[PDB]
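Asks: Chain by chain, the residues run as shown.
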Amino acid sequence: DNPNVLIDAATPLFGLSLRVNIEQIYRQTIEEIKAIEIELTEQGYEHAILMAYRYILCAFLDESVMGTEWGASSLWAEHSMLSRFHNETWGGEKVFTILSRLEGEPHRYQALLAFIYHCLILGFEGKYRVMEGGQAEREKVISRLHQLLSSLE
Amino acid sequence: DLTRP
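Chains as they are written, first to last, in the entry's author numbering: chain A, 34 to 53, 61 to 193; chain B, 199 to 203.
Among the clues, some could well be false.
Unchecked claim - Residues from chain A that face chain B, not an exhaustive set, calculated with beta carbons under 10 Å:
1. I89
2. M91
3. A92
4. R94
5. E128
6. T137
Hint data in this document are derived by calculation from the structure and do not stem from the laboratory. Built from N, CA and C at the ideal position, the CB exists for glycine as well.
Generate coordinates for the entire structure from the input sequences, incorporating the hints supplied.
Replies: Here it is as structure tokens:
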């Protein structure tokens, strides 16, 4: 399949994430995450891959909301996407743990790798946001991942 | 499971 399939499936959530009735957007986001999962399952995508995808999507959206001024004090902070879908509260470390595993089998996981690259260049920081020297280290991650994607042709 | 530890 095409390496952009998971990016394509996530485009409504990327737009949604970029502009962040708070209650409203919260609920539409929960519904859309599940709808995307169902759509990709129908297309025959592997459950384990879809759970890694969903995990990263949740962490991405949560970080987008926690970056705002109203985020940490809103209903979203109280019960985040990652908490509702994966029963975890941050995701900032585990996104990169997942990335490292996927990079152990990169041809197999090309589409999810491409998705993670897109998240990174859209500004996802995770653990790098609060790491000393984190901005430079994150740029090294992005450079390595671009090189990997390039080597997968 | 890719989302383990």
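Asks: All hints, please: hold or fail.
Replies: Hints and how they fare:
1. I89: 7 Å, holds
2. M91: 6 Å, holds
3. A92: 4 Å, holds
4. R94: Check passed: Cβ of A/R94 comes within 9 Å of chain B, closer than 10 Å.
5. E128: Result: holds, 8 Å to nearest chain B Cβ.
6. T137: It holds, given that the least Cβ distance between A/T137 and chain B is near 7 Å, below 10 Å.
Checked against the numbered hints given earlier, the structure satisfies every one of them.
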